[PDB]
Amino acid sequence: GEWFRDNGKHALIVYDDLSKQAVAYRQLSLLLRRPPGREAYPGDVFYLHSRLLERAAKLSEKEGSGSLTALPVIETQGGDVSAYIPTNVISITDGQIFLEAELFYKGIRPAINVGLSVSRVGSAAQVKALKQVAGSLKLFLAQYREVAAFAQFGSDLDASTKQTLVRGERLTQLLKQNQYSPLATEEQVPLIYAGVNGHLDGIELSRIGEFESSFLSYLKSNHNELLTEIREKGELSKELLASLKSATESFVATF
Amino acid sequence: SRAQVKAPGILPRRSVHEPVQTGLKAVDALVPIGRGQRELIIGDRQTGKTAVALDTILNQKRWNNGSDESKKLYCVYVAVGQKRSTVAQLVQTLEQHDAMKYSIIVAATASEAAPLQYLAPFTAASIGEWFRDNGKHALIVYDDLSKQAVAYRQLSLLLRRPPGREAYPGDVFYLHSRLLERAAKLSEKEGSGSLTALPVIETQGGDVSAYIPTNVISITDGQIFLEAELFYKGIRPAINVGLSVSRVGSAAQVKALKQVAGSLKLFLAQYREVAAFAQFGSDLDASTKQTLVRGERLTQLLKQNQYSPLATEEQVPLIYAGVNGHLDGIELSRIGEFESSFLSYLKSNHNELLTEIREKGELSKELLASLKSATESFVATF
Amino acid sequence: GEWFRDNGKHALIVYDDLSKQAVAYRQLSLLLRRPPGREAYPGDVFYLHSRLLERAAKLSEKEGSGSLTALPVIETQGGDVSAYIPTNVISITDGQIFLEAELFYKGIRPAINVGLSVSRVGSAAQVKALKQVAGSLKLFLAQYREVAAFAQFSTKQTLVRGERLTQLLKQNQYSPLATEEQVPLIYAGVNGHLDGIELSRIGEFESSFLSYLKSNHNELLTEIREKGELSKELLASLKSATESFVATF
Amino acid sequence: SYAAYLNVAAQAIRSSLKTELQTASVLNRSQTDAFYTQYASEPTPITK
Amino acid sequence: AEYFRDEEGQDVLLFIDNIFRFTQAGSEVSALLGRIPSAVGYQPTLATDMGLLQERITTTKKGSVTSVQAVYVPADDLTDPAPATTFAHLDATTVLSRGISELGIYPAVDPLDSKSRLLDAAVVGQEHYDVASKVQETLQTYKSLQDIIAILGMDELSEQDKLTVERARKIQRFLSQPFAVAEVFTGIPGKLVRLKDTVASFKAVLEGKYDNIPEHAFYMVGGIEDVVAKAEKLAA
Amino acid sequence: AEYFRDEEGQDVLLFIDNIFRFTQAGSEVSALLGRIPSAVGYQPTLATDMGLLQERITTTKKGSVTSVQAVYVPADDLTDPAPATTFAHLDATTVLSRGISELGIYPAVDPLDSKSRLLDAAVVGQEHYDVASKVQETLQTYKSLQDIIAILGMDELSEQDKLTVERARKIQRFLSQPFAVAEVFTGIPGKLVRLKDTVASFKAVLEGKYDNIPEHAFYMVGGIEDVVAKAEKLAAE
Amino acid sequence: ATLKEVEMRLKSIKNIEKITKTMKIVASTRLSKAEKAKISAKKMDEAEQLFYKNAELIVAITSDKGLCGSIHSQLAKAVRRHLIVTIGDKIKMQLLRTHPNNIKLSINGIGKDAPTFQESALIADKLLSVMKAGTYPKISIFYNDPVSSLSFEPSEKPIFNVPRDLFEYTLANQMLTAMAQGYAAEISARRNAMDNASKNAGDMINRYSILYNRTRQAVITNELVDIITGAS
Ligand SMILES: Nc1ncnc2c1ncn2[C@@H]1O[C@H](COP(=O)(O)OP(=O)(O)OP(=O)(O)O)[C@@H](O)[C@H]1O
Ligand SMILES: [Mg+2]
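Chains as they are written, first to last, in this note's numbering: chain A, 1 to 255; chain B, 1001 to 1382; chain C, 2001 to 2249; chain D, 3001 to 3048; chain E, 4001 to 4236; chain F, 5001 to 5237; chain G, 6001 to 6232.
So that you can see chain A by itself, here it is in the shape it has in the complex:
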């Protein structure tokens, strides 16, 4: 990857997975009879994963402007993050995507723990359209992960939080997407505008997918201009945002 980095090209290196690199180095060191540390890992394992990871960098226009992005995978045992290798890699990386088995089993996939996941960098990188439209999404999702423990109870449900329980359910159904089907930003931001602005409230929770598949068509055909400008120009100028509201309200009146 350092080649693309130094020669002015952008790269992406996926380590799947570094827990097994740590195990391999542990074997290699214990058989060399080097003194072990915690969890039988050698002392410098922090040096192992740091020397590996932070080679990832974004270079100056004076050194080539290339880059290399590192997505190291770690398999936590029983969800424990206090283990030694996880404790180190969480500290080395700029952020984490925490995939939760409790979500994976419920059929929420990708099972990202929106609460524990964090990107202490990427907020400055996000495609502007998605920053605009998802400004409210993290708050809505945290409120939902609070209120959802109350999902089961009857008509006594408070009206104030009923809107939370609606929007969060719809947003959870939106954020799940089938494997090997990655979506373009132009297809991403319209759905998140529909969700955050609560247009999906009038749709049954089992039909959200039929929305996401159908809505993309309504956009692609009826509003090619909007998707095209969102991808090509990169941001949702107010005029395009009004186009987006109009298109969503139109399809939803249809749907």
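The hints are simulated quantities; they were obtained by calculation from the structure and are not laboratory data.
C-beta atoms are modelled at their ideal positions from N, C-alpha and C, and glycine is treated no differently.
A portion of the hints provided could be inaccurate.
Taking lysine-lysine and the DSS-like style, the derived pairs with C-alpha atoms no more than 27 angstroms apart in a straight line are [unchecked claim]:
id : chain 1 : residue 1 : chain 2 : residue 2
1  : G       : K6077     : F       : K5209
2  : G       : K6036     : A       : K162
3  : F       : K5230     : C       : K2156
4  : A       : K138      : A       : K20
5  : B       : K1303     : F       : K5162
6  : F       : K5196     : F       : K5134
7  : D       : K3048     : G       : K6033
8  : G       : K6065     : B       : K1289
9  : G       : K6199     : A       : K162
10 : D       : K3048     : G       : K6126
11 : F       : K5162     : B       : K1233
12 : D       : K3048     : G       : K6042
13 : B       : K1289     : B       : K1061
14 : G       : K6024     : E       : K4143
15 : F       : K5233     : C       : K2232
Covered stretches of chain A (chain G as the covering partner; in silico rule of three or more C-beta atoms under 8 angstroms from a C-beta of chain G) [unchecked claim]:
id : segment
16 : 59-69
17 : 195-201
Listed next, the stretches of chain B that the computed footprint assigns to chain F, with coverage defined by at least 3 CB atoms under 8 angstroms from CB atoms of chain F [claimed, not checked]:
id : segment
18 : 1057-1071
19 : 1227-1237
20 : 1280-1291
21 : 1360-1372
For chain A, the structure is supplied; the task is to place chains B, C, D, E, F and G with the ligands on it using the hints.
Below, chains B, C, D, E, F and G with the ligands alone, put in the same frame as chain A:
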């Protein structure tokens, strides 16, 4: 015979199908032991392990006094790391109950050099192996293998061998395996014998995750798990029926007892599913309340006194009463009475049912109907 | 300190703190490749402290009557007294003063946990006038702790008495009061005469009452000083002013 | 049965309310959903 | 097994009972040989020994050595390095839980602890996956409501929750199956069901199309085209 | 002690305070003798070096020895190898625990972890054994309910359990006792309570004869007549 | 003792905290309707009692469900202190252990929701058609008065062709008022009790978190000690 002598292989064995009648309701009825089985008696300090093994040893004098060498279960008790005064109390117990004439006691006490503690279980296994190989049945109690493991640890570390987990040597599993696997049941080509192992393990804090526990739990065919929290509640023997399991299972239970033990087990499993709300039994659902009541009364119904094994003829009517629901009307405290009175009635009346639960060993529908009759009658009198 | 002890003089040695001495001996030992034990300390971290604290002794007049008193300090991680080094020094020493963070942050300073604090020499060292007055206050407050813990889950009398006793014991830093000044208060404390005083007023009491005896009653403090023990006549003369001031207060 | 009579008349006046006019309070005000047992132990359970 | 694959030219399935003891003996030999013990006492060569065993178990041009490996979990702790390393190679999990035998649901496979990687629509198909997901959702709902159904009666459930519970029990018992090897054990004729004939059946159950019929009729049958036969016998 | 037992024939009682310091001593030297340390850090010989000491302390047909041994528990971990090995060697074991002492209940003997072989109806008699079993059952019920108490409050408990809990609290506290040697640091005069009086008093408490008496009167009194006396005193004052 | 055990203990206590926290919110949601059902009935009562101001059996009202804290305990204390017909399984249970021969009539199932005049009227109707409360000098109602969002007091209100119809009516009206105030007191007591329980759960979680940290450190120290003994 040599101490370390190879265990019998696949071909000569025959499957465990006949019972080691312990007389302890909580064992015969929920975690049975067959002639040839290997059952771990695992529990914390002073939780009742030796008491289970010794009640088993004592019960056999019902059969060992008779005429048929097939029913007789001769016993070997290996005392490893115990103090000699405890072995003296043990032999005094066995003498009071006359059980010494068919018991052999092999003592490598704490003061005996470590090599003899490491070797004693092997030589006791070689003793029992004679009964096994000559067409008789034996029962060997290792009390306890944790101390054999400690003796072998001393031996190994002083031999400058490298330690593994818990400072125990890297081949303690091989030790306990080539010890226990010698317990077997043989086939008619080799004398129809057996040798049954009841190894004890001293779990610190109930941690089944320690090394020697982790090994023995995997070597043995089952475990009788003794718990202190059950002991102090008067559930004695303190057998955690849930954690306790037998892989031979029904093949070892007496037929008459298998019949009722299936339902006993089902009801106690429901009780364990509900137990989290046992202290809130009032407001719970009707079915949950029924299961809490009956589970509590069954758990009480299993407790019995030290040095007092009940024969199967006395276990069967009692487990029948518990399962079919007659005891649901009895205060939880009076159950101890119900047994001691109820069995007496079955001798004062319906003696044929006990006599045939012993002779036939099988609860034919006629016997089950007469038993229902007697149970209704006494719960009416009670 | 042993020079004072041996030559007939009296000493006091404050070790501040032995947790760090134990850490230092742990370093010294592990670097010497001594095999680690519990809490990675060496097996003889006990001897390190026993041969230190056993030297604090009180001698007979054959050896000159001297003495050496030891006030070792131990830092407890997370307030757990079950750790290795804490337990070792509790086993070596004749008692313990346990200072609790929950009390300290609440403002109960000094933060003496009366339940866990105990001195096995006890009254034998206490000034006679305080033994004569305190009765069994330590066990009363030890029981008050559990009474309050279960109250959270006529007990009100024990609980009131314990709250007021706990409040009475507070003291300001660098401001020590001699025993002439402690004997008076602990009577109103132990004999529950303080039950008629609101909690927030106790800080006003302790000084005002101290001012009353010192202002008027030189006859009582100049006794308890020179005598050190109460005759039932002076005990009466103290119960009297206590009842009088408390009725005034 | 004066309060009982008013209860019957009330169920009448409540069912008389237009189906498009009933608030859930009205359908609730008809739901007794209770039982009684005479009483030692209960000789007979029944609705109330 | 690999000879049956490479030279015999046909697929074979290899039973390893138990792999925990492969890892255990590896730790024993490593401690004996003086290799510094790793985490809880297992060998440093744990992962590479396991790999050198497993990765011979694979498919190739001439055939495949399938493996069904019993995995003993010491102290029921799936986080022990031995099971944790075994889990990195296996992609289908079948949990035989005594709690499922208490309900009498033989062959006692835990419908929820058991999991498989091939359940993806890409491998089994979107239909199979939708059906299995509905089954899992219903059974997870029942297992969740298991506490509330005890604290409160089933009359307290919503009709849709009650329906999911009843169809969950029926799904549970339709999952039971008479084995052919076990026909001597209890006489049962022991039927075996194709995969398609299983998806089409649990589908008919899930949709409520076959909710008309009782619980015990779903017990020990080789398909809904046999559950209806059993139910016709019972109704008659 | 051995000579007083065997060559002089008299009845001996041998106090050892504290036997753990024996094993710990063997530990301190084990590393310097070149042994590979065992578990948490004790010497390999722990199981045998102890026995050769412990096995000599015993009763014999030559003479009787009554031994009372203090067994320090490091870090309060009764799982530490030394106490765990010692437990096997003792007929009667009274485990003093820190939690009971924090509750102000001296003499701090854990009423449950403590055990003795001679607590059998054959030796102590059936009445004593039933009383002891009811006591242990009540205290274990309290310790099991403690979490429900701590979270949901005592009021959630049923009448049977509220009574069992109040009785357990009375009993754990009635087990307290002032020792004549502890007076120099507790003030309360010492008490000796005979065996029959203890059995009868705990029987009376189990039977509910004194449910009316408050807990605080059961503390540090001695017998039950002194429970009554302290109750009268609290009522008067 | 070991890390997995402290971890499962902490997880169970966390689940308990979660459950009690959800229950608090549910109770707070029901409180909104209980308050209004209490307000209306308080106005109706004051109106009816204006007549008793100008002019002039024990029915024990509680719920059927527990976790209300001291509600049922305090009402049973009031009943025994004053000292029968019970409304609710719980007060019936409190009384059945002490005076089985005194319970004449038990009503169940009304505790789940706010009282309605139908319920009160039919309960009175059973008192008049079964218990035959007619012309009894001994008639009074024991019930909980909700004093604040954090307190309730056990209370008693006495009971007394129109001069007879008015008793036959105020029976139902005062029973309604008592059930309404008892429902408000029960809901408030449960909110307070579950809040207290969740706070206690957080405290226990803090304690077991201290223990988790200590056991983590001890586990690591022990394991690395053993490894180091091996590496000699
Ligand atoms: N059936 C029983 N019912 C009640 N109590 C019993 C029973 N059997 C034994 N006990 C009591 O329990 C203790 C028996 O301990 P036991 O010998 O069974 O355990 P152990 O294997 O010796 O454990 P350890 O070796 O650690 O002491 C004795 O105090 C005895 O009085
Ligand atoms: Mg034993």
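Okay, the hints, checked on the actual structure:
1. Of the pairs offered as hints, the one joining G/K6077 and F/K5209 holds, with about 22 angstroms between alpha carbons and a cut-off of 27 angstroms not exceeded.
2. Proposed proximity of G/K6036 and A/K162 is supported: the alpha carbons are some 21 angstroms apart, at most 27 angstroms.
3. Restraint check for F/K5230 and C/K2156: the C-alpha separation of about 17 angstroms stays at or below 27 angstroms, so the hint holds.
4. With a C-alpha separation of about 33 angstroms, the suggested pair A/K138 and A/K20 falls outside the 27 angstroms cut-off, and the hint is violated.
5. At most 27 angstroms may separate the alpha-carbon atoms for a hinted pair to count; B/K1303 and F/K5162 meet this at roughly 25 angstroms.
6. The straight-line distance between the Cα atoms of F/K5196 and F/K5134 is roughly 16 angstroms, inside the 27 angstroms bound, and the hint therefore holds.
7. Between D/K3048 and G/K6033 the alpha-carbon distance is near 24 angstroms, which keeps this suggested pair within the 27 angstroms criterion.
8. A C-alpha spacing of about 15 angstroms is found between G/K6065 and B/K1289, which places the hinted pair at or below 27 angstroms, so the restraint holds.
9. For the hint pairing G/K6199 with A/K162, the CA-to-CA distance comes to about 26 angstroms; that is within 27 angstroms, so the pair holds.
10. At roughly 8 angstroms between alpha-carbon atoms, D/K3048 and G/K6126 fall within 27 angstroms of each other, so this suggested pair holds.
11. Pair hint F/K5162 plus B/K1233 holds up; C-alpha atoms about 17 angstroms apart against a cutoff of 27 angstroms.
12. Restraint check for D/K3048 and G/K6042: satisfied, since their Cα atoms lie roughly 25 angstroms apart, inside the 27 angstroms limit.
13. Distance restraint check for B/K1289 and B/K1061: the Cα-Cα separation of roughly 42 angstroms exceeds the 27 angstroms cut-off, and the hinted pair is therefore not satisfied.
14. Annotation: proposed proximity of G/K6024 to E/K4143 holds, straight-line Cα distance about 24 angstroms (limit 27 angstroms).
15. Proposed proximity of F/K5233 and C/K2232 is supported: the alpha carbons are some 22 angstroms apart, at most 27 angstroms.
16. Note: the segment 59-69 of chain A has 0 residues with beta-carbon separation from chain G under 8 angstroms; the three-residue rule is not met and the coverage is violated.
17. For the segment 195-201 of chain A, the stated coverage by chain G is violated: 0 residues have a C-beta nearer than 8 angstroms to a C-beta of that chain, whereas at least 3 were required.
18. Chain F is given as covering the segment 1057-1071 of chain B, and this is violated because 0 residues of the stretch bring a CB closer than 8 angstroms to a CB of that chain, at least three being needed.
19. For the segment 1227-1237 of chain B, the assignment as covered by chain F holds, since 5 residues bring a beta-carbon within under 8 angstroms of that chain's beta-carbons and 3 suffice.
20. Counting residues of the segment 1280-1291 of chain B whose C-beta sits closer than 8 angstroms to any C-beta of chain F gives 3, which meets the bar of three, so the coverage hint holds.
21. Only when three residues or more bring their CB closer than 8 angstroms to a CB of chain F does the claim for the segment 1360-1372 of chain B stand; here the count is 0, and the claim is violated.
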